[PDB]
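First, one chain by itself in structure tokens, the form deposited in one PDB entry.
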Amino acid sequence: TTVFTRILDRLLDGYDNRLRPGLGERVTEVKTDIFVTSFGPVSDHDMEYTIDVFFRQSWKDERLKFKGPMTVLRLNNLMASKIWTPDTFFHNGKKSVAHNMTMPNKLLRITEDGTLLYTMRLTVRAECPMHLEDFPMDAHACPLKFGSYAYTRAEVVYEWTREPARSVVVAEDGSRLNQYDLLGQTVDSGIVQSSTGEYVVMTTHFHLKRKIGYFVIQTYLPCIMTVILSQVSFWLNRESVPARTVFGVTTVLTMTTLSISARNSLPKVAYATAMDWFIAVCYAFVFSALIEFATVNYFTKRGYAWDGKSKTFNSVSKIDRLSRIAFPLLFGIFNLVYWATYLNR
């Protein structure tokens, strides 16, 4: 007890927390390991995601070697702020949280040979830029970069504790995603040139693939059935002018409702996505079906329709018969091209 408290009271005699270990002698090497407790929700509106991790950093400081019975110490957070620690920051981090409930969720262990193990629990909210052109059939690689803010590669370098693939570990239930499927991650390290020098960056890309089944049930299938319904009017007799007119406009009104509803789900971007093109083409097919009857109605002569008990009666419109094939075939061709342009990638 008194031996243990004597070691803590003399470690920081003549210790300068303003100077990194090996300043002017060598390069401070930091071993880094990440355990991802959870990969939080991805906000497509804000182009960001949250991630709960245990951040581990291991380096050496020869100014903190001690001799005694134990071979590992445990510093309270007051002494942990009196010792130099790497100024690691996340390059793409927006608003990160260092938890301190009920006590600071940090831990600094000093080994007898002067090796420091620093662990902290963080909730990092990092920006994930997205290209939603292929929405809702788009895949993304959300990065997580970090490095030293002030120390260039000639002063502080970062290496993974183990092989890079085994240094970032995701828990078995770390996938807190409703809209994406986490396909895995790639771990890499590199160098960036800045205005202040060259800095080591440790990079982890999380590969995400958007789920498609929700948009099939909610958007694509109602749009396809609405277009089919518009072409159903081609089989009605040409004399049903009020029937085929309300059929046309209400299908257009229905397509208007679905177009706005499907646009709400996507975040507000001012460029067209794959869902916009599908709905716009569906809009044109429904619009053209009403134009088709307008031409057919122009060439109808007799106001009365065919009677079952049978005068001269109208014939089945050649425009109707040709549209009974052209419209279903053209939409089928569009569906074949549309679902092969984005799914094949």
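Positions refer to the first chain, counted from 1. In this text, the rigid core denotes the largest set of C-alpha atoms whose superposition between the two forms falls within 1.5 Å. What changes on going to the form deposited in another entry:
- Rigid-core fit between these two forms: of 47, 319, 34, 64, the one residue whose Cα shifts 2 angstroms or more is 319.
- The smaller of the two rigid parts, set against the larger, turns by 11° between these two forms.
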Given for the second form:
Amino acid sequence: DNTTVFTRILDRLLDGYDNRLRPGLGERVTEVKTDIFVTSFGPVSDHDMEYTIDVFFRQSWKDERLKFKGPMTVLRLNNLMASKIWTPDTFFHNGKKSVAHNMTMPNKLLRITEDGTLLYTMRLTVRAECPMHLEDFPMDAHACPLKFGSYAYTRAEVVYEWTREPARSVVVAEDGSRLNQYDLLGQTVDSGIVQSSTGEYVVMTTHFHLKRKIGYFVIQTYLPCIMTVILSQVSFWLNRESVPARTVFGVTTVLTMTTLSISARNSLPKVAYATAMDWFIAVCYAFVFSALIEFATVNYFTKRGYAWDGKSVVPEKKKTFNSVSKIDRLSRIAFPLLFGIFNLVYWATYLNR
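Show the other one: the form deposited in another entry, since we just had the form deposited in one PDB entry.
One chain, no partners, no other molecules: that is all that follows.
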């Protein structure tokens, strides 16, 4: 049997090993090198201000107690032996009940080099806080953070560093994107120190930059509002004696704008400030209500309740007929031009920034 030597080496590895103590205790500071491979950037939840990310999290350190000699250079350790060895107690500061995958077996691995170098990899699904400012919604951008560090060990005991330079130490898979209404522009990587009542701790931070895609909201909200505003202006071209028809135009357009405003806010969380979409909806409501007020003003000055018969002739100022309203003729030009100017100003203001 050629496998007895390996069993002998594995049996004697943990002789006198105390896993309650970090490596190099009382002699130096434990050095942990970390790197992250994001296999997919999960969906972003605006209602919860949370985002999901599935990662391969790799840590590496040195433990002189676990040195060995033999024909083999690297030893793989099973889960039972890995639980009997000290490992860093890394945790995510802004975590929201992440999950460690356990199908078919615990998706983690521990390797030991002959010189005492430990490599420890695991597969995680991290849900993390991404607080948002939705003032520029739906044309806003965010920088979602991911911060992690040791829970119990201060900077005088355990310190974290990036394996490569910080830019290249977090690698995102090319095909690993699960975003529907966002674009991952890039990431920034940094490290620092955080104070607390228990002491000073090392923190490793990664910001992911996201930009919202406006395509869904253009179809959902903006275009119906524009069509409603255009529809309200069609009433200017009807004869002033069609009182019920123009009233129907006004009331139906106002009701449609109210319904659109109510439906539009269902996407966001219930924030207590106005977004960019709210201003657009408010201006469109103002235009529709102004069109109805214009009809009311026109109806105020209408004298006769009957329309033009069809056969009679109207002289210049027997049976007489109402004249075409001057308010209607001016409104036909004023309303579309002002709405177009407002659209130009709005889209220039919000898209450029």
